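Missing here: one protein chain of the complex. Every other protein chain is in place.
Naming follows writing order (A, B and C), and every chain is counted from residue 1.
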Amino acid sequence: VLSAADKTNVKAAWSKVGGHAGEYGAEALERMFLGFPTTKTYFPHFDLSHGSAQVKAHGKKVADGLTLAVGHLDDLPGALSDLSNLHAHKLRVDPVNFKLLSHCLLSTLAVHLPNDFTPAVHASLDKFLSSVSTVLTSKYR
Amino acid sequence: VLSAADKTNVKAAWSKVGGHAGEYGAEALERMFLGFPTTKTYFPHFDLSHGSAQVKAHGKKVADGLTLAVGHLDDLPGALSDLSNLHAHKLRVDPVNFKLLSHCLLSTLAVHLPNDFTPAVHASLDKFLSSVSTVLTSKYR
Amino acid sequence: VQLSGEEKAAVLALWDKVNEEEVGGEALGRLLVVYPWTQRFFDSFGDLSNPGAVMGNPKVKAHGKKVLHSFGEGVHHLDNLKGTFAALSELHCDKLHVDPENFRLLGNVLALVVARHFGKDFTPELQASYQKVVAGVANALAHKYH
Partner (left out) sequence: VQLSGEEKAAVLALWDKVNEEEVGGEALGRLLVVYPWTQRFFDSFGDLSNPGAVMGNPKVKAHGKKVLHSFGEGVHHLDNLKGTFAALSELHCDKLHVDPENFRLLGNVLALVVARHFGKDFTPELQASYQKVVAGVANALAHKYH
């Protein structure tokens, strides 16, 4: 699922990001907006452009979101009970775009972190981002 | 995940199928082969045609597979430990085609069972077929 | 997908006799029961919370019909689809806010409402030709999103 080594590889990477979590998370939000047209649809209220403090404000409550996901990584289901009772009841964001955002966070990522985003790491970061994905996704049917 | 009602809706449906499990499962195998060209690729050894006792022989060890999945439905992980240590180590059948087979089993299904394949049922049958999917899929990364 | 002159006579022939009713609303009702996160574009209507009544539902049955009717202009123009659908592709983006994933989702369901209506008349042979059509429609509908 997540090996010690997974829980680990993940920690190096989520502590390089530091106080840049929502700097990155907002520029991952953006590229999804960018790369997939399709997803901008769960966002008709938002000022989508390079400007959008609706996106950075938005893009903060996300990485705020994953910062605290690294920390409560043994019990991911419990840490995310609310923030997935939210994705399911209300937002009802289709479980497909999650993979597009994880790849927009993943890349992100790569760019601000070239040296430390080894590949035993692009693999643990992909496991974490999928699990997060799966938790958020759960309370559906 | 699976409500009492899920574990239930599922039982009516998997006991109508009866001694037709591998009659259906072989004609679900076939339509995947049929509908998706793509999947026939994890099968270059098999005589794919209407004939294939390689497909019915094959199509038996599958429904044999889901018959015993209805039964050990509390503990799906344990029942399927082997038959997913198999999908992961060896076969390494990409977690994508699982959704194409579930929809080829689902439809299947509909056809031999029109009256009893209500929709509170097409929804519990889809939950079961996805969970099965997820178990088989687990032992990957 | 440069389908037999033929599988048309069929993908057409099977279509003729979608008594366009029972059928559209069942695709409709089957979609908001099964993949329940599509009840999202649809509190525009009523009671979608126990399936006896999504089915039991008129606004759905009506919506149901309209989605299927507009699918049929597709079946009968399966050459240059992208064209037929262009305006509703254009409307389902800038007006409607539809997860274009929800299209691929409704074809998969249709090809199942269909599978159920025919039984033994809905083959292998035929399911391959409708899985050929459904995806065709979804991708003409899936178009002019920017």
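The working rule: a contact is a pair of C-beta atoms (placed from the backbone, for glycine too) under 8 Å apart; a residue touches a chain by one contact, two chains touch by 3 or more.
Undergrad: Determine and list the subunit A residues touching the chain excluded from the picture.
TA: 27, 30-31, 34-36, 103, 106-112, 114, 117, 119-120, 122-123, 126
Undergrad: Which parts of subunit B face the unshown chain closely enough to count as touching?
TA: 37-38, 41-42, 44, 88, 92-97, 140-141
Following the convention adopted for this analysis, only the chains that are shown with their structure count from here on.
Undergrad: Using mean CA coordinates as chain centres, what's the subunit B-subunit C distance in Å?
TA: About 24 Å separates the centre of subunit B from that of subunit C.
Undergrad: Among the residues of subunit A, which ones contact at least 2 other chains?
TA: In subunit A, 141 touch at least two other chains.
Undergrad: Multi-chain contacts only, two chains or more: what residues does subunit C have there?
TA: 34
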